[PDB]
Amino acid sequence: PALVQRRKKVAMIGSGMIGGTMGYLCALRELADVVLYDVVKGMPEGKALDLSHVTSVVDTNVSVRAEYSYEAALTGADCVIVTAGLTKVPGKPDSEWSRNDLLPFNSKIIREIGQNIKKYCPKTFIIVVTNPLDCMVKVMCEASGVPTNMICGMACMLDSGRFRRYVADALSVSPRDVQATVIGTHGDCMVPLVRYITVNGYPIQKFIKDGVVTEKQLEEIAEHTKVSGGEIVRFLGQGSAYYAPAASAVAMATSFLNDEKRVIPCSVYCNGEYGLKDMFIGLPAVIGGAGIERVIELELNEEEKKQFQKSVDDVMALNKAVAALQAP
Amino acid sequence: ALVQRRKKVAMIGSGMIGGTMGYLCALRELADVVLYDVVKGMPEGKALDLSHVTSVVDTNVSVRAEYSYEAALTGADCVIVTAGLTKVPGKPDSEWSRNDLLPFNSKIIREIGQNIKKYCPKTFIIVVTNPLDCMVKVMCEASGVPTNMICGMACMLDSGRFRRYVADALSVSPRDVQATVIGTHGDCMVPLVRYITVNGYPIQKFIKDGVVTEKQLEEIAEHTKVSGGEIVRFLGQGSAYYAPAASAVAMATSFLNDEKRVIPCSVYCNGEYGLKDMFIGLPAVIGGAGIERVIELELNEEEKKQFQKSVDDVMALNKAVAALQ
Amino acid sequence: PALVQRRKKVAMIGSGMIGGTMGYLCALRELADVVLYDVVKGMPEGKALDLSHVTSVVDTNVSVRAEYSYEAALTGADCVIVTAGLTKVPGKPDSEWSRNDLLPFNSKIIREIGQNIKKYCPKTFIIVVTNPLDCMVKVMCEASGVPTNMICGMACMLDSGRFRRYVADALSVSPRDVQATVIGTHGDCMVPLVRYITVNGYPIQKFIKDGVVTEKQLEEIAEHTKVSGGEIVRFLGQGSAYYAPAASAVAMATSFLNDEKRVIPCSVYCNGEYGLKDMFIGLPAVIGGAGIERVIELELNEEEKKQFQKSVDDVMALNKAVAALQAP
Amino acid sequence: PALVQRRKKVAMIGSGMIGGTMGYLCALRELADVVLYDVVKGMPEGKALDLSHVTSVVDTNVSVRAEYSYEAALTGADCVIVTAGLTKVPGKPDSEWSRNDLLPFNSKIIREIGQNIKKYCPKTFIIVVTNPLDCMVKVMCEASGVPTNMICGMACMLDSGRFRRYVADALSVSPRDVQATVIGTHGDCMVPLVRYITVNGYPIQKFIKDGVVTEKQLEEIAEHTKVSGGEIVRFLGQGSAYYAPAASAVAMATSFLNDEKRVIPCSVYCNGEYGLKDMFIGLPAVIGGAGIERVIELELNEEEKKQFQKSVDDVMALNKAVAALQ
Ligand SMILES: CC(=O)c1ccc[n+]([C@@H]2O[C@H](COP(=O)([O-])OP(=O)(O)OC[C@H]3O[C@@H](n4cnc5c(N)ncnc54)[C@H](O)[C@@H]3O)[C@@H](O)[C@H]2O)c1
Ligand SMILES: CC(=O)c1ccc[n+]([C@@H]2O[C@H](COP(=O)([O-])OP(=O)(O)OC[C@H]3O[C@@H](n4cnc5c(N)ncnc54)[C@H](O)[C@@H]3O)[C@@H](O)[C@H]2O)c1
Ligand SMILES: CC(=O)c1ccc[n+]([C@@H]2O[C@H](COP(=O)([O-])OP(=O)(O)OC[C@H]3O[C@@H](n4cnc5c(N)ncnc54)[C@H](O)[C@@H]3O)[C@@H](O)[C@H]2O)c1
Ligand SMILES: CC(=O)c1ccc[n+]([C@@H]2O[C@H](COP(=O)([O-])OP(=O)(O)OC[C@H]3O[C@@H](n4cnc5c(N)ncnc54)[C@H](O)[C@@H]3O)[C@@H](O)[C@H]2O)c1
């Protein structure tokens, strides 16, 4: 008979570590049918077969397929999660790893994908993952032409996730009950908001006063959060983090697909908030069935504003450079 | 030959909340379940129905009714007690009061505690029976368990109500609303409006941004305080059970899986706020060692006043029980 | 901004034990927004409040609301699960409890609800629970006017669930790995297919030959399955089973909402199966996004056909009676 | 306060593709604390950090740690899942990929791990994944000395999963409702039991008669199942399957840890089934809190017996080869 309830469809544009991992979460949770697309042929088909086998093992039913063209991959996608691009610059020491160095390699890839989203699924919700994140979300926004509430970048949920894990270990509590947020650009200028940390809404200052943790410990945790990505790159040897990045992107996609209205910090379009316009930066936001439904403006004190401003400068300079170098 | 044994949770009281908690256990494959009650037949009916659920949802736990304390309690990793009454016989809904349940619920709780002492002294006890904070103390005295191994479920429910109302007002998921109620479960409970956060962000900025008003938050705190009576009035008979059951099982799961969740509940006071030898609702950390932390938040003038009234109420009920026996 | 992904909506018409329990599963699983409707004033509002509180406790976000008009309850419903009606005949001994006795009390209620579905949500998937089940599904089909693939009755998943639990206990295996099915009408004439029992696809006959279970043990399990409903009625004293019935109806609703294509025996429309036409009866079926997508016809031996024919004769007689007494 | 309820602990010995993936499942489901161990330094610490970050993201609380010594990785492990070893033979064309050729490189690795399990966690439940599977489980068995019911190898749940997925696609039903089993030795000689395929317990034969699937189609599906591992190796270019293998191993571990008593085909110790003794081969088994609680012997028809004997010959030759090596 005629299909009345159609499964959601999520397209993974980029089927490397993060793309395959997100496909895994979808199959494991029966969240949506999955399409894997990559410029590398053969590999997506292998992962799609492996992921299709997972559905039997875990008793779920979603279709996982590799698609070779942008048209087949993007058509009908409720959400498109983009991880296409490079993770490290070839021929460079891990000690010198920088997300900003990826700019010249990844801007063109992200722009091309955006042009195809405009053509095949202009109504989709786009979640960008490719680094340098905040810069790439802007490139994607310009190329895809989608409404600004229908595009965001995954980064701060991961940075906040790291921040929360470290605080949870220091306090001996579940990270479910630590609210710690990182805002700003995803990189060395990110801003872990130590002053705002709460444990089930209780101020972290209470735990400092009680003698469970010290300010020094918290600042060390904030620094650890900032260098966590590079730490994993150095330990892995090849590639970068993927389990938590994938879980973060899918958590965001799920808040959209199920209209959950979760409050998740992510790279979002600024139209005045914090005084910024025509750019994307990591800020707390509400993700629901209408995409980015609210961008939360936090009051920042002198030091916080100074840190955030540096973040703002990094991304504004990079965005200008990208605009300057863009092929007509 | 058995190396890994399933956890076992004993529901002492198999009425609305007891059966509902058994359902959560069967749905999540959390633990084997025993349903115990003084009413004959009913627990066997619910145990059968719940055993059928395991097939429907593809899980495998044992759900059985037991009519003896020895069979119900032996081997229990956690005992959740709901045995007792929900309303005073021959009393109007507009006169419903949790404190009026102190009469014989007190003897019921004492008997159960004596049996836990005998059959599963190493268990973690979660009391639900009203008047909650008062009954937890009776249970602690009768059972003899370490003070970190007993608590009462109340504030997670009150906090859940508080959170749902704030979430609706802000249009966000309640997962991201941290709102807490402390004190004694009743008209004197204390909703901590000052401590409401949205994913850790102070509610104060949402007020300034015009998302919610101060009057609206006050109304939400008041609604939280009377939510139980509201449900009692609407149901006509009995009281809430879905959220109370989910709260008790969330607490049991944090213990069984050593999660270390921060959950407000009725806990033993070892000097906090100058309180000793009593239980009252406070934020706590529940892990594999039971209650592992009790948080003593800084209260503002209004909260101190309200909390003192909560304390007066508890100490008076405890005084009353000491009068009975 | 404009809503793009709307949550599914399930209307519980009848907010008694089963209706409230199904609302609970929806809130626990973030499956759908829920509406509780009943002719009893007040009670649905109390349950809706309780269930809304559950969403905070378990960290989900769905709307649970009570509605007192058919229009508010049914409009926009992706799936309608109907439990409205009596469970026992007033003043009759539990020893004489019979689902068929409920016929004159529940037929008018089911017809009225169907007439409202026809007006308010003609594209919904209807799952009837009200007894006597197979007769009520037919009344609902005629009254609602929905396509025959968009209506079914929940019974055999429950009967089979019971059958499976008893066999799983006998073999000391998880019921996940016991496939046991009951077909026919939900009542004393239901047919537990002992011959078809499998353990992860392996025939039960091998477990008999190897001494794990006996023929009598299996016959007693089938008998226990048939009398399970009444056994619970007698133990409870008031009302009938609700936890497993609720889980079964929601499992069926989920297979439709998520287009899972699970194989679940349920009361479905017959268009030739066993020479049966214009009636509903419990049979294995595939439930997907297009509703009942396939009705499975099993080969029955002499004894099975005899038992099934008895089921058929009972429901056909009752369906004729109901039609003869229907208000003009 | 003294700890009363301790989380389960699962040790992943081998932190490559499958080991890290299994750690992911544990973190996502809050199944157990996880230890990642590997001979490669650095990488396990990187994966452990990444996985610890996942717990915050998905609101769970388990500890994920890398450990570089056997003592630290194995002590207190309720279950040990072993993937340590090689996936492909260096300098060997993918067109020539063979699990059997991995024997000389992995036999010593597995024996060493087994000796360490004996020393540090003799009461653990061992799940072996390293290829050639049935052969490696026997090596693990001899080296660890654990009770015969506390060791098994993961392979047939994965092969059956593939089998089930293809049948589910052909029938347009959820694979939850397809019961299809592969028994024997994990390799080109595995035995997909077509005759034992059921759809929620209903014989596949009726679906053939109803015209939903043909007999030829079912045979093609059995063939596809046999060559699925190599099909993925071919497409991937480097490495082999890991998502479904990881999910299968963890499903087995979960059936043990929560005493679920699921019926899962896996490589188990034979006490006379099919006249097989002192060896492991893939057979339907019940996995519960007492480990392998039952091994199911199915009646085989002529064709199935012929195919199964080839499976038996395959593993017996491998075990003979190992006895000759070490
Ligand atoms: C923002 C944040 O928190 C975060 C975290 C981790 C990684 N990342 C970035 O996410 C991206 C992917 O990481 P990964 O998955 O580990 O990397 P990796 O495993 O290398 O996969 C990237 C994949 O994209 C493919 N690809 C390259 N060019 C194209 C193209 N033009 N079109 C389609 N596919 C293409 C490539 O073949 C490869 O399979 C990188 O840019 C990372 O730096 C961001
Ligand atoms: C603290 C909090 O938030 C909260 C919320 C909701 C209900 N409660 C209380 O929880 C309790 C149970 O509520 P309910 O389940 O809805 O009530 P209900 O459905 O009446 O069940 C209580 C059950 O306990 C049984 N019982 C009575 N005496 C004994 C005894 N000596 N031993 C064993 N069982 C006995 C009784 O037969 C009945 O089945 C009541 O005291 C409620 O007031 C507390
Ligand atoms: C088929 C099967 O397996 C199965 C299993 C269990 C129960 N049932 C039946 O399911 C039905 C519901 O059982 P229950 O929930 O336990 O019963 P119960 O708790 O009594 O609730 C039925 C509800 O329907 C309400 N109701 C009555 N008339 C109307 C009306 N005109 N419009 C709207 N609501 C109305 C009534 O007020 C009550 O709240 C009964 O008919 C049972 O026999 C079937
Ligand atoms: C039975 C079955 O169905 C199945 C399916 C897929 C893979 N496998 C096998 O499973 C194994 C793991 O596959 P993978 O994870 O993809 O491979 P891979 O990613 O290469 O990881 C194997 C890991 O083991 C490590 N290792 C090597 N020697 C030792 C040692 N002595 N001690 C500790 N660690 C060591 C190695 O450094 C690497 O990190 C291989 O043997 C595969 O052939 C079996």
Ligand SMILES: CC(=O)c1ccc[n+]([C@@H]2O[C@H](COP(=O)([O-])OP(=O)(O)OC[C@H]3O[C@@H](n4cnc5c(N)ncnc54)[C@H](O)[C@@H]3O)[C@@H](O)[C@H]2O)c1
Second form
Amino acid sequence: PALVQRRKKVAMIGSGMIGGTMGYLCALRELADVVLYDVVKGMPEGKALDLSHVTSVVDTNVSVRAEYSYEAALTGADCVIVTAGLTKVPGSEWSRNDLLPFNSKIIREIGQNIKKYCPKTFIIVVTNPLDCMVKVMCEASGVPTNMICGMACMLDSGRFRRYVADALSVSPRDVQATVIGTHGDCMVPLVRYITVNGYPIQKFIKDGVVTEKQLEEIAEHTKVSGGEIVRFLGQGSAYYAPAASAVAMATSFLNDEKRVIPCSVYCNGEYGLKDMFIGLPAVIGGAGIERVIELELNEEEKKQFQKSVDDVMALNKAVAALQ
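Compare with the form deposited with the ligand bound: the form solved without the ligand:
Keep in mind that what follows is only the chain, not its partners or any molecules around it.
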């Protein structure tokens, strides 16, 4: 008979370290069939076999396949997570003359193919410079603005929460700490908003549990966390947490969870921003980005966010100026 319930399908456009790790999460949790795509022949097929073997070991059943053409990787994809492209320099210069032309071109082409093969998909961009690339993707793919976002701020917020959790000796599940803005030295970790299960951090400072300076050192540590890992790895960059972040976003969409996750989202009025994507707290459900949350920022926070804004507007102009 006919297939009444089909498995969800997630297409990883890019099968380097983050793409393969995201495929691993899918196989481990039986979240969805996975297609690993890449322009470089070889890696995708070896990773897809290894991943198919994982299903046996952990007793799950999803199909993991490698595909090298857009039509086969994209067709039927409920969600597409893009990591394709050159990797940026930790924390402008070479990026404007080498990163930007190359990545804006490839993201645009991926979007044109999403428009062609899976116009109803939920797109999650990872490729940098993030906020800039999410706009290029939105324009090329033509999908509703609530159906595309970029993964970055959940990763930066996860780092922020891990450091605070160590300082307070609590599980990070119970630390709510958020970073908004764009992924670079420009990001804004909101120290003032930190809560421990909804209890403001100010009281923990008054009680001598942690000091203001300590929180600012944590905020600075969060900003340079990406580069710190790049330097230790020697080659490549972080992938375990970036993969878990993108997959948590994809899962909230696929299961209409309505999780609240900071991510690069489309603004039309919030924070006074128009027609642009930038990192902000959003609700992700079965209708994609269902709400962009507007926080009451104080003077200093507005000043740092403004910096993130100027930075995204400048890169977008540079992208337009290439056409």
